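One chain is shown next in structure tokens, namely the form solved without 2'-deoxyguanosine-5'-triphosphate.
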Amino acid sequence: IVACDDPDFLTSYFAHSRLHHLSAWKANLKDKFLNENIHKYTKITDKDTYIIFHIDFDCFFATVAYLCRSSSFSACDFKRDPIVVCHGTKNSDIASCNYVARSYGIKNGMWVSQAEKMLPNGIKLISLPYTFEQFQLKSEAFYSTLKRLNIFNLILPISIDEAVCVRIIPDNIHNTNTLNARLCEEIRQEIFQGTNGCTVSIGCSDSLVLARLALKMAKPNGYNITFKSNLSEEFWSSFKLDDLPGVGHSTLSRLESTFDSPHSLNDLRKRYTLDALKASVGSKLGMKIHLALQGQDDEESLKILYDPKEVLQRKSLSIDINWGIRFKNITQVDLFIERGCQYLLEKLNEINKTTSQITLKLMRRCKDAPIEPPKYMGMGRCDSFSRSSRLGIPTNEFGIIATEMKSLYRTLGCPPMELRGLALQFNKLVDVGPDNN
């Protein structure tokens, strides 16, 4: 048990944190892509007609945790039993759940406590531990398999278990549904074999946005092919409003108030006008939804196809620790900030780049929130405070950055005992070049 004033805390937290793991795995895939395309111009161009194959493991952690489960769980049955992956028994996040679990209304991000109430009497919830290293090995087999198929002109990592795979179509070839259905089936069988039993679903279209919706429609363990040509009312009626890219709970809520609670993308499509939509959720998001409702990608999302090296290139660097934060005095806060800065500078020197602007953000207990929140070591209900600082010269010097970071903390005025969360960010990065005179 590692307290936040222990020099080992960051290492233990990050080793246990599935969200940290997902972020680092994602950054590593993006750097790997860059280091492999330092010479290629494998880009998509305006002259290219292309098909999108958007691929994603089904209930990834739960599948892998099951395939690699310990002998204590030998008798657990992935097709019969409700299965979650999590650390604990109560206010512990469900990181993944199998489709047995989901059939009872369990969803990712639920606490185990809430999930247990959703089961009928007599049905027991199976809780598997994380298998982080094997999560990564299955991801290697995934990406290895996609490259070996030699059917994609461009392979874009979205995450450890999800990729957007681009196939250029010569106008010498006439596109058909049967041919894309056969590719989908090959991809699914080769990944199933290559990962020793994980399954993927696949959305296939002539736009990124349709391919992502088709993928949602295709789950679980299936595929769906919906081109712009094939759009119909049954397609749009299949999706909730927050299935759209960039529509979360907050945008969802605004769309409902504005348009009298549409219950499907079809309802939204029939009621909206671009004007009122921009007024509801903003000019850029509104245009994006409007484009999305015609099955069309926006200019921003298309850049990943025409310039993936620039899209995937890292523009900032940060850590966020909003769990386990309980400090008694300012001395312990300063030491934790120094540790965070050290960690971040190891990451910064890995990619050979200086930083010109830093930010400290923190979470502070709401004046009326309990000192000890419902979730053990959780941040609870908090107010956010943030402040940034331009560095004179771009630097990687600990003495400069750490001092400024500790200074930033003092400017935000948070008493150490009220602190519940800390983010440390390098907001602008400058390349290091061969001439340093």
The other form holds:
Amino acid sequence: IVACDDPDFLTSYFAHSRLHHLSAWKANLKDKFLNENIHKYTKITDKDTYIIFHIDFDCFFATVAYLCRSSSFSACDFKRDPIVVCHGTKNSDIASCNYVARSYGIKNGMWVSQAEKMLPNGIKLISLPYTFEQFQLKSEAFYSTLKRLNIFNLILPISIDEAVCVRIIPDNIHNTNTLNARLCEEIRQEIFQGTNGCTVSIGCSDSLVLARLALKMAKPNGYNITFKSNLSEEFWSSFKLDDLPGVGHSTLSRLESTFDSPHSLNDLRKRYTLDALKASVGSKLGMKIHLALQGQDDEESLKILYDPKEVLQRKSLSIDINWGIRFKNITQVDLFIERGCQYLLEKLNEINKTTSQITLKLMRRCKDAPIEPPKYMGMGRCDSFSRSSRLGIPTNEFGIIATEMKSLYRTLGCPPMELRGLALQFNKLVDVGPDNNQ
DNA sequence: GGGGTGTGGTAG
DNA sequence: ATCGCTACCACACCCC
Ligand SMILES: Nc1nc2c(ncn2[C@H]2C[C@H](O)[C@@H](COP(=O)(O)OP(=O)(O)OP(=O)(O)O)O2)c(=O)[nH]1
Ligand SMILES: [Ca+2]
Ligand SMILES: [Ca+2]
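Mind giving me the form solved in complex with 2'-deoxyguanosine-5'-triphosphate, seeing as the form solved without 2'-deoxyguanosine-5'-triphosphate was just shown?
Now the complete complex, all chains and molecules, led by this one.
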């Protein structure tokens, strides 16, 4: 047990937090890409015609947690029992569930208690612990197999378990669905062998958005090949509105309001006008959805292909702690803020940069919300407050940065016992070069 | 046209 | 119990 005023709190929280791990894995994969290509010019040009293979482990955490389960879960069966990965027993997030569990309507992000109600009597839920080290080891095998296949010109890391892989097609060569199926099957086979039991599904297309949709269509443990030329009503009819990239719950809600609760992309496709779309959700998002409903990427999504080194280049740096926050006085809040700054500055020095603008964000208990929320140590219902500040000269000096952070906290006026959440941000980063004469 | 701020939303 | 992170685009609204 490590409380928020204990010096070891940040380390222990991060060691336990799957969301932290997802972010740290993603950032390290982006840096590793940038290094390996420091002199290689890996880029797609307008000269190229390319095919996109979008590859993703199926139920990653669940699968790996199963394969590596301790002897205490030896008899559990991935194909027959509903399996989730989670820390706890009641209001604990389900980080991953297998497709058996999904067959009863369980979804990632659900609390265990709710997912327990969704099972008939006699069927028991299996709760496996996280295995973060082996999650990373299986990913290494994933990216190592991808590279040694030598069939891709650009291998883009999306996350620990997910990658967008790009093959350039010579006009000299006739690409066929026979070759593409074979590549998919090779990819799937090799990865199942290299990871010793994990499965990936693959979306294969000539746009990124179609490759993502194809991938959803491909799951579980399969592959799908859908080019712009194969688009059809049967295709669009098989997708929910929030299968579109960029469409989360808030955009979904707005689209359902504007267009009479479409229940598939085909419904939305046949009912929408671009103007009303822009009006409903926003001009740029409206245009991206419009382009996507034709199977076409917008210019914003396309940048990762034509200039991947600037897309994967870290532009800001931050930490967020919105769990376990229970401070009794301002002194303890200030020490926590310093611990956070120290951690962030360690990271900033690794990447040899300075910051010119910083931000403090906090969560504050809503005035009518219980002091102890339903989730043990959760933030509960909160109001958000942020404030930023430009620094005079770019710096990496703890003294300057931590002082401004604690001052930023001061101006937001949040009583320490009402604090439920804190984020610390370095918003603008500035390279440090060999020349540092004033 | 250029800048500024805080807030919202998405995604693994 | 239980580990509700974090990067970055877009937008509303302000200044010149
Ligand atoms: N989407 C989502 N995934 C999470 C979250 N926390 C942990 N994860 C885990 C689930 C996966 O094991 C891993 C990658 O996310 P995915 O989108 O691929 O979901 P998952 O692999 O569990 O199932 P699927 O790919 O649809 O077969 O991250 C979360 O809050 N949201
Ligand atoms: Ca996955
Ligand atoms: Ca996702």
